[PDB]
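There is one chain below, alone, in structure tokens, taken in the form solved without the partner chain.
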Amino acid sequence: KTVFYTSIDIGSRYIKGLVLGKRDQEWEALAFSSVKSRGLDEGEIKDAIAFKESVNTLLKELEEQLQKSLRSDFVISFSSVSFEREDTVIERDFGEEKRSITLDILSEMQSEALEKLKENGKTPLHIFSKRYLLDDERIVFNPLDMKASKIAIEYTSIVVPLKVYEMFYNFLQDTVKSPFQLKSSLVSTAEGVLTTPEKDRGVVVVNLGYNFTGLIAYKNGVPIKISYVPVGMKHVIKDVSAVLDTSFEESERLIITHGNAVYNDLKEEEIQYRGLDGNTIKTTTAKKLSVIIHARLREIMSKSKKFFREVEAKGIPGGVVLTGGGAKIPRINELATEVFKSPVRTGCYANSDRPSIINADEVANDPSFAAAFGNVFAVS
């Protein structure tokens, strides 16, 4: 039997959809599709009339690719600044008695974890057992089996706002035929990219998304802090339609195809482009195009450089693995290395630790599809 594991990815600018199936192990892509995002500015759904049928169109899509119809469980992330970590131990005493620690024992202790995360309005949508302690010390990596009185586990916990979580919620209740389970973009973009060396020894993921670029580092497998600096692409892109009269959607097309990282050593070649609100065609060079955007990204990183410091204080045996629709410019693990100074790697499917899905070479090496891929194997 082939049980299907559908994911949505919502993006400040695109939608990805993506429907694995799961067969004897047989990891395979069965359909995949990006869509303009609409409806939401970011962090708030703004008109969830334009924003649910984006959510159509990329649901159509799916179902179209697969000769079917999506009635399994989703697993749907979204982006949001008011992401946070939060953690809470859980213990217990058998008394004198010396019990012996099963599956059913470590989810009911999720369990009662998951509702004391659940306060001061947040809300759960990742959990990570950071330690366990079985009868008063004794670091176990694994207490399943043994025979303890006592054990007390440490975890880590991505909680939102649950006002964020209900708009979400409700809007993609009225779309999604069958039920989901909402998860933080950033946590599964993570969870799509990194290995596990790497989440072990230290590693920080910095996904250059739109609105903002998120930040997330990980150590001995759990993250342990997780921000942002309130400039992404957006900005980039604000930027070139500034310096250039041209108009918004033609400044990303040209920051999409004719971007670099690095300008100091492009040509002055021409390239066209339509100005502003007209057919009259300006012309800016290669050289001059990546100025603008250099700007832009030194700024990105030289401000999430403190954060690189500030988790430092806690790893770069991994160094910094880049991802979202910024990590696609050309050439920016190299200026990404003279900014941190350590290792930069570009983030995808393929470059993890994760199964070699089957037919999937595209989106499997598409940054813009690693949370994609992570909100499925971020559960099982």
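Numbering follows the first chain given and starts at 1. Each form is matched to the other, and the largest set of C-alpha atoms that superpose within 1.5 Å is called the rigid core. What changes on going to the form solved in complex with the partner chain:
The rigid-core alignment places the CA of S356 2 Å or more apart between these two forms.
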Given for the second form:
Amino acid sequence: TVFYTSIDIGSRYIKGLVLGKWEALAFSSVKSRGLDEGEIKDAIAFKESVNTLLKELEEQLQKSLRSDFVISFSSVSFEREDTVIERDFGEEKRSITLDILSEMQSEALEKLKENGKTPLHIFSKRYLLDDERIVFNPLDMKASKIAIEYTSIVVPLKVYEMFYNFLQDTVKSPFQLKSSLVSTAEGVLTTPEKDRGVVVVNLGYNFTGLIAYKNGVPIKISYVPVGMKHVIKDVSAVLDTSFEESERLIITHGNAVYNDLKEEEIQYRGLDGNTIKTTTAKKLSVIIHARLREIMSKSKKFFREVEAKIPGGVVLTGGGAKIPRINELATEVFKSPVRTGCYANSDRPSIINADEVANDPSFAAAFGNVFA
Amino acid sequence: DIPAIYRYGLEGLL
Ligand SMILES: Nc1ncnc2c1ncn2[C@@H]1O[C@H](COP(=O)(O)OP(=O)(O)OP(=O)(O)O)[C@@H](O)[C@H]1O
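Swap state to the form solved in complex with the partner chain from the form solved without the partner chain:
Shown next: the complete complex, the earlier chain at its head.
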């Protein structure tokens, strides 16, 4: 029996998941505090938020957290970096062993720790034997020379150290850090999607994350500096209300498509928290639609830069992917197939007791942290 | 920042 605690640190919500080997033993989402635009700006609040999630997970389990932690976070600074490692055995041929591959990968990882960056994910991209033979798997093959191309997802050391130091002071356990955007993709994509080509659009809070896979590995990673925070801001601005009332309206009555909406008055509070004001579901959706249209139009540039290096279409993830009919809007903007990403619609076996979270695009990274 | 609704000229629906 083996247990995993997976935490996904977002700017608006911190998601937690305990899995046992498959079943879900515990899961929760708590308000994220102290993170402002991917930077920890209040370590005291941040630690409180994390502790609140840990306490809720323990409360559900009725047992102290004894597992390996895998913890993911979002940053605009993740980027793709490649390197090649070679072995030259001389005038004799040698078997390519696990020890040799382990050694070469360890060496790649050490090589990617440079220019102020550090790798969080590494993938073997190409294998070349004896300077001419391309193979899919080098193991047990004999060769005089081997060259392996690796592609990785790296992050600035300063960003890494920020999260690592605070977490090791709060999570009382060994842990590994990952990219939430990479884990999201790993949590939702099918193998054929990752092979033939597919783009994940993660509709997160501060920004919209963008990652493309082809041939089983990430080929491009970027972002648009517009996210659900700006959708909430627009509503607060237009309806003249608080951030939290705006968020309530969007979650409760929002739609990505407004043209066919029935007349429907909806009430909300002013900044004073008492004055009752009224708008319509249609007007609310127009405000949302416009900002969502902006997000997708801007993401199209990425889509086109990838469209040079898309069978699998677009997979939307993150909190924004839950806005009713957003897939319709996306299909119209991207001019390609679009689907909602969640663990359940990946190509993997159902998980006991995961009904509520396996179908939630918000928990994609939490699952992906584990099933990588 | 100007809300997208204005920048997309959909404010007539408000
Ligand atoms: N059921 C829902 N319907 C519509 N919108 C939602 C829903 N749930 C969340 N959202 C929106 O998504 C946002 C949070 O989504 P998400 O979980 O991706 O944020 P996060 O993971 O904290 O962000 P990030 O990954 O960028 O750090 C909220 O601000 C809210 O506006």
